[PDB]
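Let chain N serve as the given structure and place chain J on it in line with the hints.
There are 2 protein chains.
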Amino acid sequence: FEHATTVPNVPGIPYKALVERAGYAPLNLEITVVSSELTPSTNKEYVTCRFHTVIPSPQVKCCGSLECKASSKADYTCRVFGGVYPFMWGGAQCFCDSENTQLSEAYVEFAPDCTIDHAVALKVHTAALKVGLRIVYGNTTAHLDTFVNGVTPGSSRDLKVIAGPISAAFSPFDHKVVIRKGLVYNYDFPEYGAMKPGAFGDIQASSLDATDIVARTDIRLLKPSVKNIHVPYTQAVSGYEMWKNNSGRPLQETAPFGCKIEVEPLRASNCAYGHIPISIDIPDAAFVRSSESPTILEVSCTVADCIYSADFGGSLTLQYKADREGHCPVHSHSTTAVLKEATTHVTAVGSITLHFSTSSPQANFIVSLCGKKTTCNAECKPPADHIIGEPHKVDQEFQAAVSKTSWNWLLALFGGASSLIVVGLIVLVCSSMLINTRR
Amino acid sequence: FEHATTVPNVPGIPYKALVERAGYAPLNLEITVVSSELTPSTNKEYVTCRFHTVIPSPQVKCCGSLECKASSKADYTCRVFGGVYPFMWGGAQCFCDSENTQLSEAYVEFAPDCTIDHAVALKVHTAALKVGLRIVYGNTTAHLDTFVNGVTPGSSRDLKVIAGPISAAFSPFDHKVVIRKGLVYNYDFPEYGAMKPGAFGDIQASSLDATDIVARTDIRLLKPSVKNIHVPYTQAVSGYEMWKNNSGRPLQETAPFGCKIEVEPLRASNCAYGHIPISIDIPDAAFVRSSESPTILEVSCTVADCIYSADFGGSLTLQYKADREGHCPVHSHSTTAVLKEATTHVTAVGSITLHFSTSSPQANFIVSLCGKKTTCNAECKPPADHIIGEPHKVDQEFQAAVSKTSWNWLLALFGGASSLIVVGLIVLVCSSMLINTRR
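If you read the protein sequences in the order shown, they are chains N and J. Quick note: the first sequence, position 21, residue 21 per the deposited numbering, numbers continuous. Quick note: the second sequence, position 225, residue 225 per the deposited numbering, numbers continuous.
Keep in mind the hints are simulated off the structure, nothing from the lab. Just so you know, nobody snuck in bad clues.
Computed, partial: chain N to chain J, Cβ under 8 Å:
# : residue
1 : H125
2 : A128
3 : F147
4 : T152
5 : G193
In silico BS3-like links for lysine-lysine, alpha-carbon gap of 30 Å or less:
#  : chain 1 : residue 1 : chain 2 : residue 2
6  : J       : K260      : N       : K44
7  : N       : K44       : J       : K181
8  : J       : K223      : N       : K160
9  : J       : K160      : N       : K44
10 : N       : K176      : J       : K130
11 : J       : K44       : N       : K176
12 : N       : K160      : J       : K196
13 : J       : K130      : N       : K69
14 : N       : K130      : J       : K196
Derived CB-CB ranges, DEER-like:
#  : chain 1 : residue 1 : chain 2 : residue 2 : range
15 : N       : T353      : J       : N43       : 55 to 63 Å
16 : J       : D188      : N       : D305      : 56 to 64 Å
17 : N       : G182      : J       : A168      : 36 to 44 Å
Note that CB positions come from ideal geometry on N, CA and C, so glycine has one too.
Okay, chain N solo, but in the shape it has when bound:
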């Protein structure tokens, strides 16, 4: 027996329904989204960190001239200079006071601490959502994990669920993302090779230990001007440090819908948004024919004081008459009302006091006990507290979120004009008929 529902994607708030096969007693179905993770398609473009400016030892051709070569090292920089006459510790390091050429060499690698203190740049795309569902049917509770796409199934030994597609698509990650020590940033970074010095991504590599590092740190060497041997140079400030200082807030503190961003893999857990359609094929063993579950001759509903709120602040009483003692299920078929209890014991004749929550100023909702209906009508006052630490269990509508007194007043003041214009048109028609007759 396939039952199709639209469970709101809100973790921790159970969604209750009643499945009613024609020749069999109704059964209760509680579906709770215990966990839900949305994980995007991810691919590392590169990593980056604070460059270690490695400067090889200078070489001097004492009475000749060197030529600077080329290499594939990250940001290879090399320059040649004329007479230097270097000193080391004695008071001389080359004769030929003229024609004393010198070579200055420099480049950049990853610093030793970059193995952990590094950023990883990523490009993301459409994200599929995976939902963990606890489903209770009749007297059997099952746990499942499934992909919400409408094709990917899940099964628990007799249970058979197909979930999806998600009603509304949403990913808290922009097309380009950065990850640093678990902190996720929605940053736009330079593309692979589109490296700008002095900014994030001044150096890039596909791995920490990779030797094909590409670096561009804007390094310019200077002519040595001091007697002692040394290689002067200036260089753009580490763009990684600049981005670290101006990193802003991570996406953990900015993702909407209260989705907890976690890493390894990058994902958003408990992202409450929209609704998911779920089709469940309940096993035939659970259902029982109507001749066994005690049908109730009649039911009457009396609603006590109620306040429309998030908590189960409303109450009612059902006076029932039945033919046998059983375990009847109770449901609310209205969209703006939910019940704390889904299965209650029933006697031959008696009363059951039950609790419920709503969101409308007036409760005009149909309760159902073992399939028998009763339209509970009441009038709920606004709540006392302003702020609750519990989420709302029912959405706020328009066709029902207007008080009956206000509805009556609005209808009266809007129908007064309609009656007036009808009377005016009647008077005009009567005047026309009179003038036609008496012409």
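Leaving out everything else, chain J in the frame of chain N:
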């Protein structure tokens, strides 16, 4: 000096240009797209192959009763059967022949030969283009590799080149791709977790050695019937084999724009489409002032036989008066005319022969030597040859391929009607004014 051109993205076809500085001699430039590599970004969804349906040894409880426990093997299936009374070689493996419960167990794994024969399912994203350029200016040539984005530069020791973006983006790969032994198929595959028996990716895993193998091959155990111990079962055919039989031709033989699809990493090489805007900052040392190179006094063009073929099927002669011997550059300033040679030794008095290719039936193109221009007008015959194994070096322009005779006849036929209607309007006005005067 920064000079900007729009080089056609056609590897192997040189593009000739002339940098014409205001106060310096013009200098020749030739740009050749030696190689191009359109490489997308890939993420391994999973790997699939021919599954080996391993059936563990059945276990029989003598005449007790077993129970099927849940496991995590790929498409794990377990069943319990009643009285069996198995036979091996003495024909009695169990006492108390009735109520002789047997357990049947089966699951799937990767076949031993899957380490080579296996299909990797990939999702491809926006693809970046990288081009290798050989640029020769004047006498000096250079090789470089650049990313076509309009931001990433190429640097060759004096040369600063900015390439891109592509005029019209193109990626031969669809959203989803499958790679098998180097063969690429743009075949969409079921997402992770969405196994379908008898179809591609019925068995999935993150790696060949990964233990989290997930499969849905629709395997069902059957009750044993023969006396001898054996577990029967039925199972859908390997969907990997079905896809292999119905794989279709690979993307290597159907990728448009004629490029080689390569793997490790996935990419498309030498794919001709669109144009690349390239800006080259030519070093100022290359140029030489016009007072050094000889400037000719008068140059005239006598066009020899010309054929608008796909090759250099045209010749001409330039007679020149000059002041000194030199190495003058030569260029064609029309978009439907290219020249075999870009420079030539020039004497004081004489003439030089030159070769050229065009595509219009007419030649109306401006040649230029050491800067100064000269129009060449000619009529070219259709090519005698029907087919060549050489690409067209230029593109026929919009309505520039219309011959002089065609132009004359069409203009005469339209101007006849135009002059006729003008004459008719003039006659109508004349008659109207004549009547008004004589009214």
